[PDB]
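Given chain A, put chains A' and A'' in place with the hints provided.
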Amino acid sequence: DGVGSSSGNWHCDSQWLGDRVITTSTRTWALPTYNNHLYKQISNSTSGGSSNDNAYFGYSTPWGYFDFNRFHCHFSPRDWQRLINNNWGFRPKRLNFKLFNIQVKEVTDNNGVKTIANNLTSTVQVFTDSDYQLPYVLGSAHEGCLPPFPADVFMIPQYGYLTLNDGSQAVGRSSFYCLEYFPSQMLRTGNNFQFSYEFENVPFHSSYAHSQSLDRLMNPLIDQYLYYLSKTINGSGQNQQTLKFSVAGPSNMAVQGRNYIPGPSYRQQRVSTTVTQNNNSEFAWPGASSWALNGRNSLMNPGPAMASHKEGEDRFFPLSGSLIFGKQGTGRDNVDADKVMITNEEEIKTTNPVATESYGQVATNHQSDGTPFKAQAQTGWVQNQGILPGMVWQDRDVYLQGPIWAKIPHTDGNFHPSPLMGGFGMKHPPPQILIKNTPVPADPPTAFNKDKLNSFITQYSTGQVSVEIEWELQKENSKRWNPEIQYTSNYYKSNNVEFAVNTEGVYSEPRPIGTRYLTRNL
Amino acid sequence: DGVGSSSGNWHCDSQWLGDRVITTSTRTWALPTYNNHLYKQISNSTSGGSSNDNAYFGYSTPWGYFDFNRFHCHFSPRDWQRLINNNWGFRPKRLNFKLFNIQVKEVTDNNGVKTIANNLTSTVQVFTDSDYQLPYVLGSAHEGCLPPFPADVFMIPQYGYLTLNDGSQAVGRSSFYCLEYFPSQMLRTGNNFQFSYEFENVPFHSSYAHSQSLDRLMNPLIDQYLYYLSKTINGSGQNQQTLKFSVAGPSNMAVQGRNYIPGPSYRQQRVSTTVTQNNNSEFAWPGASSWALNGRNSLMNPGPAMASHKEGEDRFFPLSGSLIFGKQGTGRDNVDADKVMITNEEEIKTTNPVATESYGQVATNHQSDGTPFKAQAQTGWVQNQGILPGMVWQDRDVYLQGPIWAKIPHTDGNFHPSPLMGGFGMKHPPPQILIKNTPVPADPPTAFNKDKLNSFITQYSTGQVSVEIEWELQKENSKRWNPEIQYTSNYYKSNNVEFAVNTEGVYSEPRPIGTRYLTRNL
Amino acid sequence: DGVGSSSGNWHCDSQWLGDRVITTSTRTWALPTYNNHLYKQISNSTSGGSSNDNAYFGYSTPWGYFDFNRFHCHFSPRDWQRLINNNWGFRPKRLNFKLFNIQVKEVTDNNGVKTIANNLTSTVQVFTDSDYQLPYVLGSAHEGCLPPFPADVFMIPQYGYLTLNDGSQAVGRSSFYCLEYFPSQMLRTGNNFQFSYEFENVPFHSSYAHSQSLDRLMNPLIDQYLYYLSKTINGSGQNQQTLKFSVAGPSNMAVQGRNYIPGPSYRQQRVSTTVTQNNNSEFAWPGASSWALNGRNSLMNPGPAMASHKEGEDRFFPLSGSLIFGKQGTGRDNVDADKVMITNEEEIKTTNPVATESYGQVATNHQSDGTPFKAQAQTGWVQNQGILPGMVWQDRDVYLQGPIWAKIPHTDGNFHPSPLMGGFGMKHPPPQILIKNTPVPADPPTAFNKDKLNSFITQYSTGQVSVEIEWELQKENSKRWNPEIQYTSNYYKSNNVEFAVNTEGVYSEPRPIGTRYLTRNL
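From first to last, the protein sequence lines stand for chains A, A' and A''. A prime marks a further copy of an entry chain.
Heads up: the first sequence runs through residues 219 to 589, 593 to 743, numbered per PDB author numbering.
Heads up: the second sequence runs through residues 219 to 589, 593 to 743, numbered per PDB author numbering.
Heads up: the third sequence runs through residues 219 to 589, 593 to 743, numbered per PDB author numbering.
Here chain A stands alone, though its shape is the one from the complex:
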């Protein structure tokens, strides 16, 4: 436990012990000095102004935090392929976290010459928010995760949070959090940090696609014993009203009585990847589904889990109803459609309604012959449908580069708190691990000054972080006779191997990989 002794080893592999997977990931991180050791109030005013919908108020802290809330942080693409091709479900069970091999380095820039030296006596501060007393910024699909490639060195993102705002201003209910008010472990080189976390009970993720649709669960050979209204008029002419009933059978599956109905919907605008088929107007914001909160409009993104498109309409995607990942090297603003990877939520069209279609039709009046307007039967489209009893649905798929978990907001009530971006919703998710370099002041004046010191030695830290997660598996025991669909590589020759490095050593993920390849009955 000294300068010349390593405080940990590199553990990066996966063990498949039957119904369990234990994934271990080790990475090398670099933590700079954020905010010059200061807490700073931030708002849209300090960011250059914005609209009402984009107004915010918060604080940026000098702390960094560790993010491993993405599946590629733990699963290699081959491990992901094994998991998705051989299992009907999975869920996290246990977590082990390690910080070790801490190195604090001081940087001196004299006459433009940058020299870096070791600071053996400097300390790095780390603690976990095990009581969830801090704002939870994981589960917001942020950058700064452990890189998917184990050989990549990553920078720890800076921790900030938002509070209640009235425009760019704060209200009396706004909370300010000082992270130095928490007990934290102080680490010199030779010290290591470790903590274990047990995942709370969450349902298995449905890593399967249904081979039956909700409207085709009947026996296609046997009639029903239920009748339906099939004819209301005997023919053309006046006063031909009648009531005729027929048996609902295989020839007319649409009218058959059913026990369960598709899940809820919140219609999204339909956008074509073939740009010539889209309207010649700007409708990204104006034509998007949204919800209002305290007078602020927020995009419904990705919203309720719905089928991306109908059968054969692969070129259509909902405006903001799907996760859109960026390809390697993709820029930040105004990138083309070929530089992004739009996830396709088609496997749930068997139970979930299509995102870009109406849920259905409802009657809107009373048809009558008189007493005295002679109104015909009128129907209206259902653009948004809330939860009804007897409704079943599938949640959004998880992806190799997608999020794993989210914190369920602490509220009086929630319904199906599975995160909308996909993953496992927990009231007590893995706690935030916050890290920060302890400030080392420069030489103070020889005469006392009451002002806080504002000159510090330039410093940064580096080290290794190890995350070990044990996942429970739900083995598939299907009796299906024909072979299933599996995720596979394509044998055809290419310049580069997919999910490998290119000639410049740049690792890339060419496509998003879901979990729903195996098949289950409804």
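Think of the hints as simulated: they come from the structure by calculation, not from any bench.
Hints should not be assumed to be uniformly reliable.
No copy labels: a pair is met if it fits in one copy or bridges any two.
Below, in silico cross-link-like pairs of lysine-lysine (DSBU-like), each with a Cα-Cα straight-line distance of 35 Å or less [unchecked claim]:
| hint | residue 1 | residue 2 |
| --- | --- | --- |
| 1 | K545 | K557 |
| 2 | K545 | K462 |
| 3 | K714 | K462 |
| 4 | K595 | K258 |
| 5 | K311 | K700 |
| 6 | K673 | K700 |
| 7 | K648 | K714 |
| 8 | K671 | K700 |
| 9 | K648 | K258 |
| 10 | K648 | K545 |
| 11 | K462 | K258 |
| 12 | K648 | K696 |
| 13 | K449 | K528 |
| 14 | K700 | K332 |
| 15 | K462 | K595 |
Structure of chains A' and A'' alone, referenced to chain A:
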């Protein structure tokens, strides 16, 4: 356990042991050879074509299956009357199933003369899908159940199933199931089959009607301590705006604050049994409520549990919001209204909204005097209302000829998975019992041929099936003073006794019998 | 154990218990009377004459035999997909065989009317050749196996064998075997037959493809410490002979010294599936590789395991170097290339030489300047290469519809006795199970006659056969980062599901499935 020894006895009675009922039913079945021992791919194309909404893809198997998912399979009408007149609730607890007295018979048709002989060495195959690995076709309200009359001999329906389809075609995710891939018990004459099943915990069915409505739960003698806005203008004329408040009391029950609100609605078209009152147009399909799934429209039938009609409007029924049973001898297509029995869901008007009415009104704008349009208060009808917190409702009633249970689809999420057609929703319902005659080939050629044999001895099997179900009872302990409504026969003379046989030995059920005759408070 | 009691149950499923698979298959068979209960000498003369290469001598017995020496007899396509996608190797360990539900039926044809009746007292004879005293006809890729689809009823093939021949004649060393000279179990209806067999130790089948080639096993960054002759002349002109040596390095991988060399070769003629590229002549027999035995030419089919084609030359296949399976419904003679499925042995091009190429070049002379002919260095192509020390190779792949095992001939010596058609070579394979209906004579004359009876009651038997095989698994533990190639179905829509039945109930296997999808290093 031989040819000359019976392998079981006839058990058909009910025992009322206080808080439990044990119903036993024995029937004689006949199982033919289905599909000539073949699995056949079926689709709407092979059925003669159809529309997009009626397209399907699946397989017809040579197997038959046992159906007893109807209440008249276990309850005699007198037993049903006892149950509905003396109990506030009931639910299944245990199941016992028996197959015995198997007789396999061979049929030879020589020169048009049909002679039937015993085949003592032939075998019948039976197994239960206890792991739910096969598509579940029970819970689709299909024919082929055990006949309500114990003296009737019934034919076992053929088992088929549907998979994913793209029109009449299959997709790569479509599953083919071979039922010979399951271990099954092989029965000659003298062998019997038996298995027991324990029903999973389900809520008691509400076999009661509420004597209080949701909007009349207050004390009709005492005022509330809450106020409501009663007047907004002092009188006729300009600039008369004001705000007047009044105590919500017995004189104005409509404006009283309430804790709970009626359940969800999905408006249905209103149809009159008096055909002269209906519109002179065809609106059975065009005017019907529906939901869309993968671009296919399916009738909302019967949909969410809603009151069939308002008070006094017994002639009105929702277009597809109620179960319609056929009378004895009713044909298949285009039968008159007198040949069907339309169930009436009126007992739930105390908590559930009327199926053919709007849920209510919601404000659609901001009323104002200016700043500058002078908009009045505008309201819009709510045709469909999803689940809101604080909402209570009653599920659909069960009937003597209605279904008992349904399999909850295996999905990530569901809400109130009680089946919409009525009954008990279970994740592990009673398993499908599949039966099939083992093929007995005719004489093969004396020279080897690699082709599968396609000439078989014509065979069918017959036997007895016994189903014993134990039901838990919820005894009523009402303190109501006046006598209750009970189901009763009418003493008035008639040509035939109801729920008996006619002069030709034809058993008939004259009317549908619900469960909601006793009374409970809200 | 009587007429009215079943003697066994239908067992058809697979259990995946980690490192083991237990596949159980049950089928319905039909055994006719073969050869009219007679042993008949057969030869090419009795078959209508032939050439010298096709001459044979043998006997056809009245016995049938059970064949399950094909992988689709035990593995469903989904089980095969699991095995090939998740395992690096497999091998059989144990066998269990069952005959039960025997039914012997007599056929009487009076005046052209065929009536089939049960013969309860008739007996079926079955025994296993556990001592391998009979000629072994399994392992010859014959028809008559258990059908891949469990619902198909198959006819048991007739047992025959060949002995030494001189043309159509026999020699003194020819052996005649009477199968009634073996003790056999006699089964009436109600009797069952069972025996267990333990597979002898065989190597795991290599169900993987190499990700490294034999000529690319070096470090591509480091030179070798070995030198090679790079230049023999200083330039153009007389008397320019020299000897220059260079380091074998990454720039010249062809000349690097290597420890191991590709396996043996026996060149095959190259045939193009594009018929316009083939020579306009008949070369199927004349241009084929063959071996001679006692003056008889036999096709080298499929011969030593060699790569089917070079990279990119998928249209080329060796003339007789690959297994060619027939599609469902394919005829017997002169069928088109689209009616057969030619297996492609491309995964072994990393270690095995291409079947249609020369093994390499060898020097054929001494180059010299004189003493006095001035001979240049001459090389000759190696069309066939025997085993050399330091040679490594991969055996032929196994297929879902391919053979499982073969009997190693009882000889003084053999090398690598893995069967050339693919599978596991055993000195004591699963024994032949031979079955035959016991002859039931018709009414004999009332006066004694010494001649053997030649009038018998026409009879055939039917029943069920159960085969259970336990396979050991070699789990893969690869550290490869990128996803692997897996066998998968294609999601694209089609008229029929692959590996399912069509609209006429005809099961088909659309393509051959190998075992080599996972990846291993060399």
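Evaluation of the provided hints:
no. : hint        : in the structure
1   : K545 - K557 : within (6 Å within a copy, 44 Å between copies)
2   : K545 - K462 : between (59 Å within a copy, 14 Å between copies)
3   : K714 - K462 : between (64 Å within a copy, 31 Å between copies)
4   : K595 - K258 : neither (69 Å within a copy, 46 Å between copies)
5   : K311 - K700 : both (28 Å within a copy, 24 Å between copies)
6   : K673 - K700 : between (72 Å within a copy, 24 Å between copies)
7   : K648 - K714 : between (47 Å within a copy, 31 Å between copies)
8   : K671 - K700 : between (78 Å within a copy, 27 Å between copies)
9   : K648 - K258 : within (29 Å within a copy, 43 Å between copies)
10  : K648 - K545 : within (32 Å within a copy, 41 Å between copies)
11  : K462 - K258 : between (75 Å within a copy, 34 Å between copies)
12  : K648 - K696 : both (27 Å within a copy, 18 Å between copies)
13  : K449 - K528 : both (30 Å within a copy, 24 Å between copies)
14  : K700 - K332 : neither (66 Å within a copy, 40 Å between copies)
15  : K462 - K595 : within (21 Å within a copy, 41 Å between copies)
Comparing the model with each earlier hint shows violations of hints 4 and 14; every other hint is respected.
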